[PDB]
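First, one chain by itself in structure tokens, the form deposited in one PDB entry.
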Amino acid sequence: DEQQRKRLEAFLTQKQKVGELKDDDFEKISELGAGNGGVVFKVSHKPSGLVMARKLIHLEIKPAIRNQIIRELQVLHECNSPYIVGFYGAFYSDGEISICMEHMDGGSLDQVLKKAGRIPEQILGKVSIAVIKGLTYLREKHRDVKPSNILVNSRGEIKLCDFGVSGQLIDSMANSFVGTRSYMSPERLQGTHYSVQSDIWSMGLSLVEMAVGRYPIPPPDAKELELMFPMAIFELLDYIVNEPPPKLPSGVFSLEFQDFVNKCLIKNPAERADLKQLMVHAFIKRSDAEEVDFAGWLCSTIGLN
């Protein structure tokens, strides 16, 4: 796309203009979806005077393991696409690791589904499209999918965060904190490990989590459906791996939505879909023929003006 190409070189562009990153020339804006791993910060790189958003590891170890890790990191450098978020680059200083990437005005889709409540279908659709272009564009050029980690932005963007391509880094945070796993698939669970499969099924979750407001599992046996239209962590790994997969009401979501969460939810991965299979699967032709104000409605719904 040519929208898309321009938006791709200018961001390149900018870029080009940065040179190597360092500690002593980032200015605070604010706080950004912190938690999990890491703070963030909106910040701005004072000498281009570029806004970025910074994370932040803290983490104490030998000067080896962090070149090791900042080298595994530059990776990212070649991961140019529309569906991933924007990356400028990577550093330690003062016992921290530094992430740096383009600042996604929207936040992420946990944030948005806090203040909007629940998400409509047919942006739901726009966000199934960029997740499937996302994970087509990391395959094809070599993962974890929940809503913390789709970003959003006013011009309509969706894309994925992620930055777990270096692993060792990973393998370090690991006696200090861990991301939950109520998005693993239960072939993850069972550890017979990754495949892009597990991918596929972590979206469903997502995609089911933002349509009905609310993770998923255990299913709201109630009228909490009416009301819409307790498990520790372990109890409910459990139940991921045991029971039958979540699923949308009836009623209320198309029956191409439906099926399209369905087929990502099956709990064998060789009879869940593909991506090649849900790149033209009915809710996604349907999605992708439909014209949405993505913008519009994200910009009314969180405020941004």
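What we label the rigid core is the largest C-alpha set whose atoms superpose within 1.5 Å from one form to the other. Positions refer to the first chain, counted from 1. Compared with the form deposited in another entry:
- Shift analysis on the rigid core between the two forms singles out 193 from 115, 155, 193, 71 (C-alpha displacement of 2 Å or more).
- Core-superposed comparison between the two forms: the CA of residue 133 stays below a 2 Å shift.
- Relative to the superposed core, residue 36 shifts its CA atom by 2 Å or more between the two forms.
- After superposing the rigid core, the C-alpha of residue 217 moves by less than 2 Å between the two forms.
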The other form holds:
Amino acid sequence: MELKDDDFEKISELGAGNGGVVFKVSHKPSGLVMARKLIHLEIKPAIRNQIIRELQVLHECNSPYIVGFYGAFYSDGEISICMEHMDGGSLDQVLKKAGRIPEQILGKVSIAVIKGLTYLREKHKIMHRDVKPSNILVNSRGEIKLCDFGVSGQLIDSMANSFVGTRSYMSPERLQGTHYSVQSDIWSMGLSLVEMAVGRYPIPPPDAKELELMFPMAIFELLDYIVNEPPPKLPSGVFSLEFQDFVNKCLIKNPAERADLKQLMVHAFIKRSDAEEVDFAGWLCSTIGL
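With the form deposited in one PDB entry already on screen, would you show the form deposited in another entry?
The following holds one chain only.
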């Protein structure tokens, strides 16, 4: 059935980002609980219908590694995207309560991300464009899913006008120009894993003594770091050599030398995590409360 504005009832607020709020809502006719994302945009009636028309491809996105989609519509200067509600939140929320995410678990996250990026590329011919912890959602039945990928050419456009002014997960090639594509997503995933592995955004890298301690930067300064300085590493010693090398392979500045989806899929760290009997479900509740 068709989703429309009067059929919803607000339950609570799941969070906000740039120009978009996300509500936990009830779809009154179906009884279903959904997450409803609202994007406020000053756009003509014609292009909005393009946006909505381009958003319909989400109905064709069906993967255990991709957040479920219910439908998209336009309401009060708002574009609504209605998704499956992930009771576990995003991994940045999870990191905030957990402090640091264990390697074995990052192993599972990494598999879900690679499998999701692969799905989008193979079946839909698109890159993600916004891989970061907050766009990796998890739930109580143990599933790990990507959200907030760019399906709509026109929506990518009307949203060009702003980005997160502190942390960037953008690849050095994307920070410098047009010359980027899918390899860019590898960089963001790599950076996200380091953040989650370590307990904080990894640029600038942890101080010599700040390292065995665990175990405010300016806009240009930060970006100039990503572009011109050696990429972040996992600290030597407390992570397996295979993990260290996997993120090393992800964080290579040159996008052609950097590893791609098909090489990471057969990487030692994945082969290994793919074998492991890990109770992701049980871990997520033990750490957050479900």
